[PDB]
Amino acid sequence: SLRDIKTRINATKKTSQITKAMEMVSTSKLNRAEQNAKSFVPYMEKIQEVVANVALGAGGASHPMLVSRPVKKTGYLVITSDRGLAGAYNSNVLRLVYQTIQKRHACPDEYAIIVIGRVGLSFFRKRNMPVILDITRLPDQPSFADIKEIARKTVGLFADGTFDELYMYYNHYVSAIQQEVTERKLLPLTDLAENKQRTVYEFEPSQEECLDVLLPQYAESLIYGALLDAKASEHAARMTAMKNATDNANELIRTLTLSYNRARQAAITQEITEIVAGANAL
Amino acid sequence: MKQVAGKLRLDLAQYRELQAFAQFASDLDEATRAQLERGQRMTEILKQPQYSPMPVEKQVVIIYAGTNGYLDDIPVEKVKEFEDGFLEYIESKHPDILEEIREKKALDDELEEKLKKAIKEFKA
Amino acid sequence: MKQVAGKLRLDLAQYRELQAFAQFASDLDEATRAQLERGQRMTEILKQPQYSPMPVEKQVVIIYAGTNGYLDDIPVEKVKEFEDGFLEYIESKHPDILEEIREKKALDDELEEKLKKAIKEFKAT
Amino acid sequence: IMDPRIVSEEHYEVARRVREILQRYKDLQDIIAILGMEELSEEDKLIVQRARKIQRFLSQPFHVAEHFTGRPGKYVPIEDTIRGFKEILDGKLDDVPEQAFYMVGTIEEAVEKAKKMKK
Amino acid sequence: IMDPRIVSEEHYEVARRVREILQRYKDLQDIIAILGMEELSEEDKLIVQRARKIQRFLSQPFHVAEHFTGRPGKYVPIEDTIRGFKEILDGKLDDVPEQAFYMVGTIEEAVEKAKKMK
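Residue numbers (this note's numbering), protein chains in the order written: chain A, 92 to 373; chain B, 900 to 1023; chain C, 5 to 129; chain D, 102 to 220; chain E, 23 to 140.
Chain A extracted, bound-state conformation:
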């Protein structure tokens, strides 16, 4: 029926308008997020250089964050968006974190889970999996002070000896169209480097009291770096997904419109034929 095609056209046009609106606001968010992530690179490099050269340059091997420890209880940090419509961005990280724990121990008393984003929690709640720490409705332009609490608490749970190892599951902005899930461990410290140079520091404070402040600052900065990359990949994923959705909506509108035109044009020539036959019949 022509009415079914016409009502389907109005609905698809509304979806096209909806997808284009979300694509442009996400494009605007990406332009800033890409620059923001790049702007913190010199801070992320400077903090990694001072914590590494202070810890590796005869900074001791028995310190709780640097020393080797047997593993029984493991912590997991998952990063997800507070809203959807970003394609496989959330499903990829949620599936890989679930399958990686399932491949060793699925029991909720062995591991510890931490989630950032409403979609991530909603998934674990429906999956019947508990969480220790949670954070939602974060701004699209995150500042260190917005996550300073969960960052200080997550590193604190390891410093207090409640976790033997801590892992992070999040997407990375490899390119403007392709992004992939990444797995890395926050603590203990394993990414060693050579004693090539040494920076200036005070002689009075003990090495342990220094590491107990500067190394957590590095971990907290790394959490912010992962979040900046997550925001860039989220905004890029929502933009590229809504671009494909807008393109799909347009081919559907084109094809439906040709069927609406053919159905209407086919009906009009028949009415003209009835006028001819009717007038000739008198």
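Calculated from the structure, these hints are not laboratory results. Among the hints, erroneous ones may be present.
To be verified - The list that follows gives simulated cross-link-like pairs (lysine-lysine, DSS-like), each with its CA atoms no further than 27 Å apart: (1) B:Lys979 to E:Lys48; (2) D:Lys219 to D:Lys187; (3) A:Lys105 to D:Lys146; (4) B:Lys906 to D:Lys187; (5) E:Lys108 to A:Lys217.
Position chains B, C, D and E against the provided structure of chain A, taking the given hints into account.
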């Protein structure tokens, strides 16, 4: 009937405006959800089996409950069950509400209807 | 008109394409911002009130003013006031430019118009 | 007849500013529904509130319809229609609730109504 | 004859639930075309899988069609039709492939057709 018809009309009009983009709901603002939830429930009250005319005082008593939010807290699937149970409760005990609406035809006596309703929602 | 119309068509083509994507205030780079402002200013030069035809010689000098970037520092809201003021300045004390365009139908030496226009810009915006 | 040569410059300018702010609000109601209203800029946030007051300020109670709703009915002269929309558009009257502009006649009646609603 | 006064409560309820799930699936084939299936909610995701199983469980090999279907032919009693659709609607058969419901007369057959494929 007019008084309660009015609130129903605004609630449905707003729901029709929102449903065009109701496709996504986990992303919609919690405020938009209030509009969606109310609209879904008012739709349910309108559902009726064939050969089942409801008397005007009862239609008033149920639309009043949905429009003032008293059916809003009930789950969407449970609303149809709650409707019959509430109407049997109002007729079986304290039938004075149904008697007054038939005579005056103008309400203005809602304090008792509210308090008498809270006694039903307390456990059923 | 051919000596300046070619520039107008190329500038508006660039603006008409990027104008949609650059809907936000300043997210695009300088290389596209320059196109956007030029397109907006040329669009202001294209506006004209009812029952007020503009003669070909005056059309050539206003279109020549926009397509060579002399309006690139004038605020968008002042382009219309600049057009009325500049045309009255050229007609009231520089009729030689208008009479040359009317008889030759081509631009030979533009040097006089560049110098006479700079004098208007420095004395009365 | 909506030309400066047939109606006042103030009439033409206000009617233009009204159609423009209404259209701008229409271009944003998708974003206001899918994303939080807390994501809209300061300028757009004020543009939305003014469009919201203007949309209902166009409403008027009729004498022939007083029996239906019980509202007395109003006649507004051209000078007060132009003055009313101009005062809303110019942002003078902002700290007044949207409910005060629905069914009121002139803008002084909206200002007293704000107080009648204790606000 | 499709009235609560002429057919059993169980028959009326099963037919109601079948017509509704198929209409909900018909209302979603546009959204599934514009957005990825991973963007649909869990409820809509299950509704699609159940509607997919139901549309082919409605298929049956006829005795008069053995030349076209390549299968023996089957006759199904009303009791096994109602029991069959109720068992799919109630989600007892969520862990069974859609392909097992095609060209089988009864529900017990669908389950052995799943066994014939590891």
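Hint check:
no., hint, result
1, B:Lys979 to E:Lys48, "holds (25 Å)"
2, D:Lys219 to D:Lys187, "holds (25 Å)"
3, A:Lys105 to D:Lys146, "holds (23 Å)"
4, B:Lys906 to D:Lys187, "violated (33 Å)"
5, E:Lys108 to A:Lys217, "holds (25 Å)"
When held up to the earlier numbered hints, the structure conflicts with hint 4 and nothing else.
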